[PDB]
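Given the structure of chain A, go ahead and fit chains B, C, D, E, F, G, H, I and J with the ligand onto it with the hints provided.
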Amino acid sequence: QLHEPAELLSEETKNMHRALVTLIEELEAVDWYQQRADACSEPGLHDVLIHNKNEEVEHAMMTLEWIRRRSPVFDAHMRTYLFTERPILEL
Amino acid sequence: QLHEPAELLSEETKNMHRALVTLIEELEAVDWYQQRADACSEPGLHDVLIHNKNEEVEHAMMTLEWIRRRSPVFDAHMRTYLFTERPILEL
Amino acid sequence: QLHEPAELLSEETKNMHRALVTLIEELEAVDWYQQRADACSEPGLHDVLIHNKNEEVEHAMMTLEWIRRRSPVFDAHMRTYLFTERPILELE
Amino acid sequence: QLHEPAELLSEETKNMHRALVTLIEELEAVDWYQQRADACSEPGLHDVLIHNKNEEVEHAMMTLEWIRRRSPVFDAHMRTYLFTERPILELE
Amino acid sequence: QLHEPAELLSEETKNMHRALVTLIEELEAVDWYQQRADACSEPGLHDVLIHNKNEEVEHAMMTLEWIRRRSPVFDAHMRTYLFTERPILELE
Amino acid sequence: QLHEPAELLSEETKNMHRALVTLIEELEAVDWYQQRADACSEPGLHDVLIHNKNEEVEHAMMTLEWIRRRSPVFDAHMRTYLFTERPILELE
Amino acid sequence: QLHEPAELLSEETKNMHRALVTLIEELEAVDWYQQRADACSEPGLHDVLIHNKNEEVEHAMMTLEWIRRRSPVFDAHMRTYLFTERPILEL
Amino acid sequence: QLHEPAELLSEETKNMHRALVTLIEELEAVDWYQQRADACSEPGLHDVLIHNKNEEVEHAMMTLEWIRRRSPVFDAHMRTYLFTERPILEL
Amino acid sequence: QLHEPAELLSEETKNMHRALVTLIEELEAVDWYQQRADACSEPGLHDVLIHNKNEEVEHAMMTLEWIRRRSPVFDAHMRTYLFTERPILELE
Amino acid sequence: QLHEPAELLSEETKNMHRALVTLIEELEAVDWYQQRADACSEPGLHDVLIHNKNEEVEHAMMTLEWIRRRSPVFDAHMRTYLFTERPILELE
Ligand code: NA
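As you go down the protein sequences, you meet chains A, B, C, D, E, F, G, H, I and J in turn. Take 1 as the starting number for the first sequence in the working numbering and just add one per residue. Take 1 as the starting number for the second sequence in the working numbering and just add one per residue. Take 1 as the starting number for the third sequence in the working numbering and just add one per residue. Take 1 as the starting number for the fourth sequence in the working numbering and just add one per residue. Take 1 as the starting number for the fifth sequence in the working numbering and just add one per residue. Take 1 as the starting number for the sixth sequence in the working numbering and just add one per residue. Take 1 as the starting number for the seventh sequence in the working numbering and just add one per residue. Take 1 as the starting number for the eighth sequence in the working numbering and just add one per residue. Take 1 as the starting number for the ninth sequence in the working numbering and just add one per residue. Take 1 as the starting number for the tenth sequence in the working numbering and just add one per residue.
Just chain A, with the same shape it has in the complex:
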């Protein structure tokens, strides 16, 4: 799924690619599961959708922390914006 041939990409970029697409897929599930739970009128299916959505959030944040630990840029920008109170554009 690379947009470039593998022989022109370092290993670091290729691993970062693997983490980024994983994070992306998990965030897509978060969106899709919440949509289906809102539209779902069967109580048993609704409880499963929400429960598994929340574990997709956990997987996503697991992957994001792995990226933070190998990316100074992610680390820098995460310290600026995450867990703040002021209007986002003021940080």
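Hints are all accurate, no fakes.
Interface residues of chain H toward chain J, partial, derived using beta-carbon atoms under 8 angstroms:
| # | residue |
| --- | --- |
| 1 | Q1 |
| 2 | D47 |
| 3 | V48 |
| 4 | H51 |
None of these hints come from the bench; they were simulated from the model. For each residue, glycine too, the CB sits at the ideal point set by N, CA and C.
For chains B, C, D, E, F, G, H, I and J with the ligand alone, coordinates are given in the frame of chain A:
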């Protein structure tokens, strides 16, 4: 883009969807820019791709903070894993 | 995503669609995660991928059990083939 | 379609890929046949669609059993949730 | 899947659309089931894939027969070319 | 558009794939042309679409015969279902 | 599929849309049938594909003529370039 | 976007593929530009779309002329149908 | 291909969408035509590809000028970066 | 992503491809952010979307300036149309 009729989804779900796809697109840019900068053979284009890559990271973390402030599940799991040191699975 | 206009589908079909695509997306994660784990270079990422892969398997079977309780056709065929021992084709 | 070069994957991974995508396509057909049967008035076509929908369920469970027999993680999770009565979330 | 709004299409057209895409999807399964059968290195899965393939062929011809009974143009061309022995182009 | 690397597919599988995709595309044209003819508000264009539609049916049946001659499974099922009058499910 | 609401388009545009997509699909079939004939091993199949490819060309030019008879811009440009011999850009 | 591995296609087929997809993309532009022009709520933009639409037609016919000079089947069917006035089917 | 229903979008946004996708399609043709001219060995086809590529650039810059005239952000950023000499990043 | 083999493409064509796809992706962000900000119902999210939209414009014009410095055709047509006053079609 939505997978369900809008009138069945809560406004919070629809607004979260908007933010979630924004974060997704910003994370995709982070991956693609790095791949193209790796394969890039001209230094001028390389520096521009890395610089805008890093601002895409900033944009993604801005969106994630907006998600966190309105999503109890994101807040909880972000608290658990982000800015940690132990092996991620131990958390 | 749906192949027919919602007005012509019963809610049973739409709820089944919701469950079936959820199961499909979970099985896709099981496949893709294993592919990335194998090709992975950094062992830390490999470990995360395997661990969360296995939870996707759990999600999948949770969804499949819901389908079974609502679908007599799934129930019948799951009874015939699941947790058996001899060649699968002999079971038909 | 694979997401990693074939030379980086074990044969088990690649065989599991072939089983998982087969299962996925079979599950997709179950969904699509049902939607078409609903939106179709001609009883003759409706009947063929249902009869083929049900055979796709069968193909799906055959493939899934093949996966269980070679995947401890599938077996463990299938033993927990499949063929139960209590609320699904109470089984973990 | 439709390329035109529904209010501009007769009922026979829509039912024909449902039938045609059904045949298409079944023919696609024949193709993919064969490809994966060739590539897989596990005879258990090979035998399942080939067996499911042959059932998809059966579904295909079932749907085609339904089309034939509804479409004179299909009937005529089928009588011309099917179950013959001369080079195909000569049968014009 | 293949689903497996070429070197793991036999020559016969690939040729069959070429024929099957050809049949699918022709069947797709039958569907799309009918839909366009229905919504067409111009006699000339309507007349052309219906004429080309019927020719695509011929191309389709031409290809299906080529498949039949190289597929015992297609041949067996075509004899069972094509050109009958009993309810399709009653055939076997 | 249309890229605009049907009510904002004239019937001319919509009928022209139907002609242009038909022409496009026919031209696509021309290309695909030729590619298959080349990579084909069995001679019988090759001739079936060529024969059907040539009929798709005919369908294509049929559709194009219909477009010409109602599009003065197609007619003008078709008169400039079709059935000529000089270098195309010199026209 | 070839449908067969290039190794199995003659260079004549690949050159025809190049010309055919170019012509397809130009016809797609002719269709889309007219849709956006109709639905346009701004006369200035409408005028640019129509003007450039007509140059897309010109590009299309330039490409089709190259195809005709290179393909006997296109030449023959173009001779039959283009610039006629009786019913297309009667031809 | 709007990502939101037209009812929730202003007129300026929808017209900007129409101009932006037009610009995108033109830049896409610029890329594709240059690639095909590089790989094409027929002199006649090469000259046509290049000539029409260059007119796609013209169309794109026409569309961009139309956007700049409606968008102070495009205008402000265009003044900062376009027609300059310093290293691109040193321009703020 | 390329439509031709790389060995046949000059290194300048390939670097132009990388830049053109980046400009395209940035222009798509500009369109999608405006649409989502319009339909947005929360002021805090709206302002974030517009702020980052505007930086996507800045990224697009940075990339475009890089293209202009290495593409005589982009330079020429940009000189003719950008930062003009009279009707656009009168400048050709
Ligand atoms: Na049984």
